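Q: Here are the chains, one letter per residue:
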Amino acid sequence: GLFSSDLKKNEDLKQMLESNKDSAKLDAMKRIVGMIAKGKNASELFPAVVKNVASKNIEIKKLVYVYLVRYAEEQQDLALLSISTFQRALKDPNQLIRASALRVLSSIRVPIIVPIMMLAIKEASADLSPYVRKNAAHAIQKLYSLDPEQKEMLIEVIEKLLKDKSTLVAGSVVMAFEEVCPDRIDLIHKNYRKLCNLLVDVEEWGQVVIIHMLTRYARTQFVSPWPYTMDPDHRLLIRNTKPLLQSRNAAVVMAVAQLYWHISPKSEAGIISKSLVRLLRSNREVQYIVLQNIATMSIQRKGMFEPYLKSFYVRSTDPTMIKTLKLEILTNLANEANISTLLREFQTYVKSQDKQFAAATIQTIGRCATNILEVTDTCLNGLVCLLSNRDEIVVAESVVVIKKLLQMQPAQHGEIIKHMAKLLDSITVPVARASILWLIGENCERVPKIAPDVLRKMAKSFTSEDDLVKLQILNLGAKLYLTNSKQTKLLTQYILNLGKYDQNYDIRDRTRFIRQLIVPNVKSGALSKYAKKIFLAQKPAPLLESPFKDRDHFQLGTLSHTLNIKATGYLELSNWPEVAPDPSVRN
Amino acid sequence: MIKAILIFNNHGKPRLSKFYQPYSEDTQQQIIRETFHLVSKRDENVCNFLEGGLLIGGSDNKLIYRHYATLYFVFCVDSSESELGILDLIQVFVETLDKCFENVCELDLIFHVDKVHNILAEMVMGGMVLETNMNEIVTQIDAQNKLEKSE
Amino acid sequence: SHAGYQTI
Amino acid sequence: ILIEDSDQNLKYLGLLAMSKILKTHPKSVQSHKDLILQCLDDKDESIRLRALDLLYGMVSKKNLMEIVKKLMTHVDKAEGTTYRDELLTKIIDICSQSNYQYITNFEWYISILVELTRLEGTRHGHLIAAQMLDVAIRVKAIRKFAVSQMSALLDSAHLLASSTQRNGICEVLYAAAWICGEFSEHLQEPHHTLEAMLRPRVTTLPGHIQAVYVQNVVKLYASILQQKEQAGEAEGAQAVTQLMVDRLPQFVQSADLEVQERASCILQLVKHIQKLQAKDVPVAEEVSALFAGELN
Amino acid sequence: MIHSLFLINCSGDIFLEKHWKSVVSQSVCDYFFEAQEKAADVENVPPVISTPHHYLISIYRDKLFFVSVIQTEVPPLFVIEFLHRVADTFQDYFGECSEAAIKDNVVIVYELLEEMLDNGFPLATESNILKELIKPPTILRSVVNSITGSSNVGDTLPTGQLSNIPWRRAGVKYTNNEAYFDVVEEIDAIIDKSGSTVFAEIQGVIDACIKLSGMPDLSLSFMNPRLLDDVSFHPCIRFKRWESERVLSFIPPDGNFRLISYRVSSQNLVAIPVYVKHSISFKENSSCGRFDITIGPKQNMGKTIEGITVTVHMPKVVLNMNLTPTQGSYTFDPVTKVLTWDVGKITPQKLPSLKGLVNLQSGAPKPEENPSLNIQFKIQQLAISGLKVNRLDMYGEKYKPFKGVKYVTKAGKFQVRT
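Residue numbers (the deposited numbering), protein chains in the order written: chain B, 35 to 260, 290 to 650; chain S, 1 to 151; chain Y, 5 to 12; chain D, 310 to 605; chain M, 1 to 418.
Honestly, the hints are just simulated from the structure, not real lab data.
C-beta atoms are modelled at their ideal positions from N, C-alpha and C, and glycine is treated no differently.
There's no promise every hint is true.
Unchecked claim - Each computed SDA-like pair below joins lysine to any residue, with the alpha-carbon atoms no more than 20 Å apart:
1. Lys580(D) - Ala423(B)
2. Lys373(B) - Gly195(M)
3. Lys41(S) - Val92(S)
4. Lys41(S) - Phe65(M)
5. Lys629(B) - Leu56(M)
6. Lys316(M) - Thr336(M)
7. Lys38(M) - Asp417(B)
8. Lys602(B) - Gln475(B)
9. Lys414(B) - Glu399(B)
10. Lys38(M) - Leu626(B)
11. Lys55(B) - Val144(M)
12. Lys55(B) - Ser39(B)
13. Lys388(M) - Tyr9(Y)
14. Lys55(B) - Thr148(M)
15. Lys413(M) - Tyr351(B)
16. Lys74(B) - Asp43(S)
17. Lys400(M) - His6(Y)
18. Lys38(M) - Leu56(M)
19. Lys21(M) - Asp181(B)
20. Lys352(D) - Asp13(M)
21. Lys74(B) - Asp13(M)
22. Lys41(S) - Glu37(M)
To be verified - In silico contact screen, one side only, chain M against chain Y (beta carbon under 7 Å); selected entries:
23. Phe402
24. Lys403
25. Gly404
26. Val405
27. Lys406
28. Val408
Extracted from the complex, chain B is given alone in its bound form:
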C-alpha cells in the first residue's frame, strides 16, 4: 500500500493474500484490519481473505477472524468456505483454540449454519473444560438472537449449565438466562443456595448481572419484611451480599444498593447510603448516575442521606447537570433543623457565574419555602432583594418564584406588586412580563390606582407582546372591566378589537369567550352575571413536588429510571406476594 489508487492497492492485497509469504499475508491483513477499524469497505476482498482461514500462523488466524466477523453477514455464501476449519478446530485438544473456534463460529451470522451452531453448542456444554463452557454460555445467547425458535433447546442447555459448580462459568450462564429465558425461574430455584454462597467468588461483572437477577426473583419468593420473621433463605441472600458493599466496582456497589433498596428491611437498609456516598468519590460519569439514584431514594428516605448533608454541596467545577442533581438532593434533605445553613449556602449559590444553576437555585429556594413555612418571610425578603439585580434572567426567574409564593401566601404584599409594576418597564422575558400582569390582576383591587396606567401601556404594546402576555392582557382587562368599566371599557374594547384580528386563534378564542362573558349583550344571562365570580374566584396554592416521585415504579439502578422511560427490554418488578410460595421448591 502507498500513495495510489485504492482499487489497485486492493488488488495488490489480493496478491499478498495469494502469496505464499506469511509476512506478506500479515501485512495485508494488518492493512485490512486498519480499513475495518476506519469503516472502509473491504468486503470486496472477502473471497481472497477467506482462503487464509486455514493458515497455521495463529497471528494471521486472529486477523482473519476479525475480517469474517465484519463481513460474513453480507457475504453469506462465501463465508460457507470457512466452516470446516472451525469444525476441525472444535475437535482440537487445545481448549483455548476450541473456545476461540466456538466463539468465531457462533459469531457468523449466516442462517444456513444454524444446525451446525446448535450442535456445536450442545457439544460445548459437554466440553468438560470450564473455559469452553463459559464461552458456550455466550454461544447460547448468540444463537438465540440469531434463531429464537431454538429457545427450547437452548433452555435445556442452560438448565444443564446451571448445575456447574465452577464460579468461572456460572456468571456467564446467569447472563445467558436473562438473555434467553428470564422468565424461567423454575430453572433456578434449586440453584439459589449456591448462587448465594458462591456470589462473592464470582468475577465482578458476573456479580453485577447475578444480583440484578437475584432481586427480581427475590420479590416473588419472599414477602416484604417491612411478627414477620426472616426466612433463612432471605437472610442468606442478604447476609451474603453484605461484604460486597465494600467492592471496588461501582456497578457492584450499586447492585448491592439496589438489592437492599428493594429487598432489605427498611430498618436495616439505611447502611447502604454510607457506601453510596463513597461512590461520589469516583469518576464523574459514575457520580452522575449515582446522584440520580440518590435523589430517587431521598424523596422517600430522607434520613438515609441526612448525616452526610455537606457532602452534597456543589462545587464551582461541577458541570451544570451535576450542580442540578446535587441541588435537588439538597432540596429533599432540607428541613427546619438545617435550613438556616442551607439558605446561606443557597444565597451564595444564587450569585454563581453559572446563571443556569443560579436560576435553578432560585427555584429551589422557592420550593423549600413551600416546604418550610416558618422561613418564608425571609425567603421572600431575599428573593425580593434579587429583583434589584441587574441580570435579566435572575430577576425574571425570581419574579416567577415570587408569584408562586404569593399563591401560597396571598397576604398584603401590594408593595411588592408596586415594585413589580416598576420592574415591568425593564422586564424583557415574556414569562415574567405576563406573571407581573397576572399578579396585578389578582390584586388589582389592592392597587387600583396603578393598574389602569399599566393597562394602557400594555394596550399600546399589545401587538408586539408575546401571545402569553396578550392573554394576560385580556384577563387583566377583563378584571379591570368588570370592576371598573367606567374608566377602562374603552381600552377593553380596543383590546378586544386587537384580539379579534390577532392571528393566534387561541387568543381569539379566549377573546370571544371573555367578550361574551363580560360584555353585556342580548343573551347576558345568569352565567354572565357570575363573570365577576369567575374572574375573582380564589385560586388554590401550587404543589412544587420533586420529579423523582414519578420514578417509583422503576427499579432503582436500571437504565429506565435514568431515562424515566420504560427502556427496551426493561422488566418490571413484581409486587410482594401475599404469602410466600412453597419454600421446599428452593430446597
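Here the structure of chain B is known, so what remains is to put chains S, Y, D and M in place on it, guided by the hints.
A: Frame of chain B; chains S, Y, D and M shown alone:
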C-alpha cells in the same frame, strides 16, 4: 486566477504554503486555519468545489480541494476559474510530483519542499498556470536538476 | 527505584 | 449525460445548469423529473438539495401528487434529523406554493400531512400544525374529514406526547384539538372525544397544549351539554357535569399559570353550572354562546 | 450487552469503529454531536442519551469520547465501569488512552477490544491475564517477532485463568524480589470567604508494585486501623480476615496494583496545610480593578508544601491582568479568562503571592462574586491522616524481598470561596 495553494495535514499542520495574492503573515496563517476548518471537516463524499473563504478577500473565490490519507491539497482560486479544469490540473500536478519524486510522499513535502516549490513554480507562475504539459514540465524540472548537478 | 521508600 | 455520470462535482454543476434552463424553459425540463428524483439517492446533500429545488420548479397539478409520493418515499427512507426537517419543509413549500396552487384533493393532502405528523423527532411540528389549521379552516368542504383524522390524532396523543418539545411532535395536538373543538359538530363520539381529552396523560403536555385542551374541552362540553339538554337527557347532563367536577381539580394544579388559571375559572363556571342544573336551568344555551361568537 | 463502540475525539471526529452484534450506522453519532453542541462544555454532555432506536452510553476522558451503542436495557454503571476499564487497559498497554496511541496501534487495540468484549459481554477483563493473552507492544519484542516470526498472541490459556487466584499469573519469578507501597491521601476541602472550613474529609488510597517471585501471601497491618473507615477492598483481599483480625491478608497480582481505598472520618478535624489571603476589587463599569492573593502554610506539619498551582476562572468583565508574581509563574488566558499561577513551593522566609491590577471591560458591571480558587499542592513524606503501617509480612516464599513504603498527601478537591 490562483490566489494561493496550500497543503496541510489532518491536524492543520502545513506541508506547503504558497501565496500569490499579498496577505500579511498573520492573515496567511489565519487563511490556512480558516481553510483547514472549511476543508478538513468536509466528508470524503463532499463536492470538491467549495466556496471561498473570507480572509482571502471573499467567498466569490473558490476552494478546490483534494485529499487522501491525512493530506489535504487546496487551491484557492478566484470566481472566474474553472473548478473542473482546476481539479484536472490538481491531479496532473500530483502526477508530476510522482514523476519527479518517483512517487511523491509526505516525507518529500516535509524534507524536499524546496523542490516541491520548484516544481510548483514550473506548474504555476504568479497564480497563473505556467504549464499544462506534464512531460514538458518534467523536462524543464530535470533540465534545472541537470544544471545544478553540472555546476 | 528503591530510593525514597521507607524501609518496611 | 453529466448528471448520469458518477462524478458528483459535475453532477451538481449539471443540475445547476439545469436550473438555469428550468427558469426559462421548464416545459422541457419536466422530462427529466424522474432523473431528478433519482438524484436524491446520492450522498452529497447539496446535490440532493439542488434536486429538491428542481423538483419545486417542475411541480404542477399534473405531477404534484406523484412527486409528493416520491418525496415522501424519500423522507421515509431518509436519515438525518436536519435533513428530514429540510425535506419536510421542502415538501410543504412545494405543495403549499401559491396557496396550495396545485392541490385539488385536500382530503389527500391532509392524509399526507397526517403521514407527515408521523415524522418522529422533527423540529417543525408547529409548521405542520400551522398547515393543518390553514387547510382545515380554509377548505370547509372537507372539515368533517379533517375532524375525523384529527380525532384519531388526538387518540394517538398518548404516543405523540412522547415528545413535548417546543415546535415538535406535540404541536400536532395543538391543531388537532383546536379543530375538533371548533368543528365538534362533525364528531361521531364527542363523549369519547372528551374522555380522550380528560386522560391524566394530558397533564404531561406542554403548557400551551394543555391550555388549548381546556379551552376546546369546555367548548366540547358546550356541544355535548347542548346535545343532552336538547335531547332532554338531564341526567346525562348531570353525568357530564360530574365529569367536569371530577376533572378540573386535576388541571388546576398545573405548573402552567394559564392552564391552572383557565382551569380555575372553568371549575368556577362548573360550580355554577351544577347549581343551575340542580335548579333545572338549561345553561347550555348560555354556555354555547361563549364559543358561538367566532367561526373564523 | 453492547452492540457497538465509537471512539470520538473532542474535535467531532470518529477514529475507531467497532461492531460486535451488528453494524451500527455512523449517523447515530449525530445525536451525540447534537448534545455536544447543546452543552456548553464536554464535561456537561449527558452520559446517557436516548435516540429513536439506540441508547448511547458514553464516557468523556482525556479528550476522547467513548460512545457505546446499546439497543436494550443494561445497568448504566455496568457499562460505564466497563468502558472506563477499557480506557484503563489502553493506558496500561500504551501509557495512556490518546487518539495518537490509538491511530499508531490500530491493529493492536482492535485486537485488545476483541479479547475484552465478546458479543457485548465482558470476556477478558483481568489485566494480568490479558497481558499474557496479548503481549504488550515492546519494541524489543517486535524485533524478535520480525526475526523469529513470533506472535503477540499466546496459544495457551494462562493457568491463572483457571486457578483460584484469577487476578494473577502463575510461575512468575524475579531475581530482584521487591514490593513497593504508596499511601496517597487527598484533602477534600471547602473553604469559605472568611477562611473558615466549611467542609473537609480525607480520601486515601494505597497502591503497590509487586515484583515478588512465586505466590507470596502478604499480610498488611496498621498501627492505627481505627482511623480507617469505609474502606474499599480489591477482591484479592481476604475480607473475612480483615473483619476478624483487621488484617489485609492476600496473595497480590503482579506489577502495578491498587490495593485499597479509604476515608478518614469527619469526627477528626482535617488539617488544612494551606491558607489563602485574598482581595479582588471590581468597581462596576470600571476599566480596571485590583488583584491580590497570598498563599501560605498553615497545618503543614513541619513539612514542605510543593508543586503548588492556583487556577481561577474569571468573569467576562475581565479582559487581561497586570500581575507580578513573587515566584513561579503568572499567566492569563484572555480567551477563556483563565488565571493560572504556578506557585511552586513555600519557603517560610517569604510567602508567595501574586499581585497587581486587573484590566476590565469599561462599561461592563462588576461580578456578584469572586471566582472560587482551585489550588493544587503536595507534601511528601506525610500522611496527613496520621495513618501508619504496622507490619508487612509474607508467607509461602523463602526469599527476603525489598520492602518499601511511601507516605504522601496531595490536594484533593480543594476549593476556596471569595
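Q: Each hint: holds or not?
A: Okay, the hints, checked on the actual structure:
{"no.": "1", "hint": "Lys580(D) - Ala423(B)", "result": "violated, 37 Å"}
{"no.": "2", "hint": "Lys373(B) - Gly195(M)", "result": "holds, 17 Å"}
{"no.": "3", "hint": "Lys41(S) - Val92(S)", "result": "violated, 25 Å"}
{"no.": "4", "hint": "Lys41(S) - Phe65(M)", "result": "holds, 18 Å"}
{"no.": "5", "hint": "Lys629(B) - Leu56(M)", "result": "holds, 15 Å"}
{"no.": "6", "hint": "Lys316(M) - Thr336(M)", "result": "holds, 9 Å"}
{"no.": "7", "hint": "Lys38(M) - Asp417(B)", "result": "holds, 16 Å"}
{"no.": "8", "hint": "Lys602(B) - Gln475(B)", "result": "holds, 16 Å"}
{"no.": "9", "hint": "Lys414(B) - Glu399(B)", "result": "violated, 24 Å"}
{"no.": "10", "hint": "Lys38(M) - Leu626(B)", "result": "holds, 18 Å"}
{"no.": "11", "hint": "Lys55(B) - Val144(M)", "result": "holds, 18 Å"}
{"no.": "12", "hint": "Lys55(B) - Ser39(B)", "result": "violated, 24 Å"}
{"no.": "13", "hint": "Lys388(M) - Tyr9(Y)", "result": "holds, 14 Å"}
{"no.": "14", "hint": "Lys55(B) - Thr148(M)", "result": "holds, 14 Å"}
{"no.": "15", "hint": "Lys413(M) - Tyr351(B)", "result": "holds, 17 Å"}
{"no.": "16", "hint": "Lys74(B) - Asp43(S)", "result": "holds, 13 Å"}
{"no.": "17", "hint": "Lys400(M) - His6(Y)", "result": "holds, 15 Å"}
{"no.": "18", "hint": "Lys38(M) - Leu56(M)", "result": "holds, 16 Å"}
{"no.": "19", "hint": "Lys21(M) - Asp181(B)", "result": "holds, 14 Å"}
{"no.": "20", "hint": "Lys352(D) - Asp13(M)", "result": "holds, 19 Å"}
{"no.": "21", "hint": "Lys74(B) - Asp13(M)", "result": "holds, 15 Å"}
{"no.": "22", "hint": "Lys41(S) - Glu37(M)", "result": "holds, 15 Å"}
{"no.": "23", "hint": "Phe402", "result": "holds, 6 Å"}
{"no.": "24", "hint": "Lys403", "result": "holds, 5 Å"}
{"no.": "25", "hint": "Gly404", "result": "holds, 3 Å"}
{"no.": "26", "hint": "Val405", "result": "holds, 5 Å"}
{"no.": "27", "hint": "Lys406", "result": "holds, 6 Å"}
{"no.": "28", "hint": "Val408", "result": "violated, 10 Å"}
Violated hints, listed in ascending order, are 1, 3, 9, 12 and 28; each of the other numbered hints is respected by the structure.
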